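K.L.:
What follows is each chain in one-letter form.
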Amino acid sequence: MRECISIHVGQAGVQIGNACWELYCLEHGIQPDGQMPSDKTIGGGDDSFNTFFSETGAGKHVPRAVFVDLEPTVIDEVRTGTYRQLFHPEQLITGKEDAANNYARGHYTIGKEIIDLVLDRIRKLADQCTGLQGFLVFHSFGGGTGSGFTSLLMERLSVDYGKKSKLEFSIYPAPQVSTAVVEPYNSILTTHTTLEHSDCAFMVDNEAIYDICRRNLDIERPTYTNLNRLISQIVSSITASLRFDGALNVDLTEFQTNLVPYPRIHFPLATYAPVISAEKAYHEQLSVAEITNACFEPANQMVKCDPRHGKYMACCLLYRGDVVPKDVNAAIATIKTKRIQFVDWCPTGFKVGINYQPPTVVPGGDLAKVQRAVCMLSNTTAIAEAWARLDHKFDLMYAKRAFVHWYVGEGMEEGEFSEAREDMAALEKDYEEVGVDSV
Amino acid sequence: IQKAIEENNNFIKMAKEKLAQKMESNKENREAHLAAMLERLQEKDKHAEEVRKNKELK
Amino acid sequence: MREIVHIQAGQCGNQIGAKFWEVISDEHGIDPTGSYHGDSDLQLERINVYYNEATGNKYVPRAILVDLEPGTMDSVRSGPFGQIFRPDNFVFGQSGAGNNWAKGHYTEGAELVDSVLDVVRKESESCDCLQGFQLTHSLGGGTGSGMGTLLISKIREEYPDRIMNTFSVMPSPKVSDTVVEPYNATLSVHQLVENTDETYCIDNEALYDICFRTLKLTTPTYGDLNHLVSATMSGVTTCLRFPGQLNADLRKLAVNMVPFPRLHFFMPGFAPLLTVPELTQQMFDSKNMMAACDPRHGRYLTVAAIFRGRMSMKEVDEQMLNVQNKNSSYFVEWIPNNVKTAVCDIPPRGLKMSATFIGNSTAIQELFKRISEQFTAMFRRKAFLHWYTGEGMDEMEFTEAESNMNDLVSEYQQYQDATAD
Ligand SMILES: Nc1nc2c(ncn2[C@@H]2O[C@H](COP(=O)(O)OP(=O)(O)OP(=O)(O)O)[C@@H](O)[C@H]2O)c(=O)[nH]1
Ligand SMILES: Nc1nc2c(ncn2[C@@H]2O[C@H](COP(=O)(O)OP(=O)(O)O)[C@@H](O)[C@H]2O)c(=O)[nH]1
Ligand SMILES: [Ca+2]
Ligand SMILES: [Mg+2]
Ligand SMILES: [Mg+2]
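Residue numbers (PDB author numbering), protein chains in the order written: chain C, 1 to 339, 341 to 440; chain E, 83 to 140; chain D, 1 to 42, 45 to 275, 286 to 360, 369 to 441.
Next comes chain C alone, as it looks inside the complex:
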């Protein structure tokens, strides 16, 4: 019951899926061959980790996951990598020609040739569920598959599964690791198309993750492997309530009630602490109060923006490890004085959850293994700054129609560009309206 199906789309989605599922296996004691010695119920069960893993008769714990890419290079590495025995071959779907950083190719030209197979394979996972809760879609904004194919898939999932919940992990583009000039186009197009099909989207700004790896982990030139191992820690904190059980554990959907005051205002800001190297964590234990105070330091946010210049509509703290409520309440009382402006229509309390399962690190990684960690999910108007930066780059290029011929040549019309941009303009205006005081 309460199963969750993960869908990893495109290079970014797939490679982040590698990091997350490896981390999950480490957290649950699952070996690269899917065997879990601590699991005594063979073939099935109703344990908390079964929301993310199905079980075979041979004792294999299989991710409830689908990996889809329009080219085979990235998923072939999964088919031959360390966890190749973890996935059944039909969960790894590849094409031959990618979308060439073109949203139109991912949504139409190339993506329409594989969408039926992908939906068929998703249906096979859903048929194994006794009470499917929803989907988690992992994708980049900037790539042609990550943007175009994800939009096509989200539209088709709404049809085939109704209003069943769909959550997104979206990679917001950063120039330090960007691979395409048209990424602002692909970003605006996929956001407009998915907006009414997504219930909750966690944006990850590559530049924010890049700066965190450089500043806190002392990595001179972070790679995707550096970024993805950090991203998986946040993803793990968010999903930990689904995969583990505990007396003080608060279900993610219960946070979601507080995080989404209106259907379109569904973009939580995520902040994670502590991100610290082994060298600095040695003989330096970070308390509940220290990691909580780091959640309000803007340099620890997953999206570059300034909540100090915005209003809060919700604040959720997701603790994991050695954490008791007495310390949390004390730490929160300190922050409410030294730091947090709410809109006048929303209660100012902080919603707290604690999973006592301690954090895990991947061997050979750069993160220190700490005794306690915290992910803050806040709903702040300041996240609209990330839409503004993206919409400004869109406007600069589109006013000259730069690169638009690559999209028209694949069947798109200029009307879709202006329609998508006007949706973003209304979205920015929506984030302003929710912050204005009542009359």
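No incorrect hints appear here.
Calculated cross-link-like contacts (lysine to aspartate or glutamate; reagent style DMTMM-like; alpha-carbon spacing at most 20 Å):
(1) E/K98 - C/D160
(2) C/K164 - C/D199
(3) D/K326 - D/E290
(4) E/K126 - D/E420
(5) C/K60 - C/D33
(6) E/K98 - C/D199
What the hints contain is simulated information worked out from the structure, not anything from laboratory work.
Start from chain C and add chains E and D with the ligands according to the hints.
P.N.:
Okay, now just chains E and D with the ligands, sitting in the frame of chain C:
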């Protein structure tokens, strides 16, 4: 509860129709774009036949 | 999986085409007999982009050699790596073009074009996922310019959804083979503007000035110029041949480089002709450009930078940011983040580290203005027009070619003067 069912079905219906509208409009535009490209290349072939014919008349 | 079909047409095209295969076979550890004797698995990971695998673990270049005379191709079969080409992929005529674009495009070349297309289809049919085509030719000759632009048009009819890339050699009076070269160049540009997705402008005037002034060669030969072409062609194709994520195929490169379909003529750059700051600075210098254009006379639409060798990626990131900030005036504001950088660990042969520059600059109009000036200096007096009207052409087709290249320059000037606000 009847209203909740109707709202969910209307959402499914509107989404299925918008998507089919887009996929059909996109198929025609890309085919029209390719048909115009081939027609320009085929007019260059007709011009090549007139060049070789003009030389034959010299 | 993603294959490129290579075509070389005419004297210049077969010459620089052979030099291209010699250099990349060396980098991929391929001997003239087609066998692999390399030391790094990174050489064979993307070997299928330019090589077919045959019986006996042989690697045969996916190349098609075309010419209207057997003179140049007979030396290719006898030169180094001459036995590595597929013998059936040699398609040569006898009559020749006589440095006449009309002969290569309409008469002599059209009689041979069908036999070339038969080899194109045979190579394309065995491709797991054809990327597109790349052509090496000159624009000042007859077979490369005339039959080259003809082959481009005919291939685009059967493969309209594939990328068409050309390495086009621009004529210069400093290496002039004949006098009707401004006619052949203008007629070829008229075609390349409509039927190619991306064109590297290998300007002979720039190659000569580099050999003479920089390389200190008082009497540069065609072999000295082609050594610059081989080093340039090896650079711009690095991202296609080695594992990477930036401009790794022809279409992603076009999407990053071509903001408007007609403005697809790139300025190549190479360095050196040694630290990362010096390598970056020389890479953006006008004296290192393979086209006779000063980039500081225009503005950059898009740029692809490729660094090869072992170096600090942190230092490369800083130096590429440094050159954009200190020279922001020469990058259009309405295209944010228009400079992309790739790094490959395998350097070229004989260098610790090198850099290759691919630029879409509005200053390329200086090259098209020079050829248009040499064109109008002859067309206004109807000089040498009997070479072309005798094959069936008319003065109307010459004027249309002149007007289209003049429109290309106007369009490059339009976006040079365009502002964000
Ligand atoms: N954080 C993170 N970002 C990535 C990763 N891989 C790619 N990206 C980012 O994603 C964007 C490019 O999208 P991709 O996912 O590579 O493209 P794609 O979805 O495969 O689509 P196409 O290749 O065009 O068909 C750029 O912003 C990259 O910086 C990754 O592993 N981790
Ligand atoms: N860089 C370079 N340019 C060449 C070479 N051979 C010919 N050219 C140029 O090409 C033009 C002549 O074209 P050519 O190839 O001889 O005509 P074709 O044989 O009919 O295709 C002249 O402007 C020369 O400058 C060469 O080997 N290297
Ligand atoms: Ca069990
Ligand atoms: Mg991809
Ligand atoms: Mg010659």
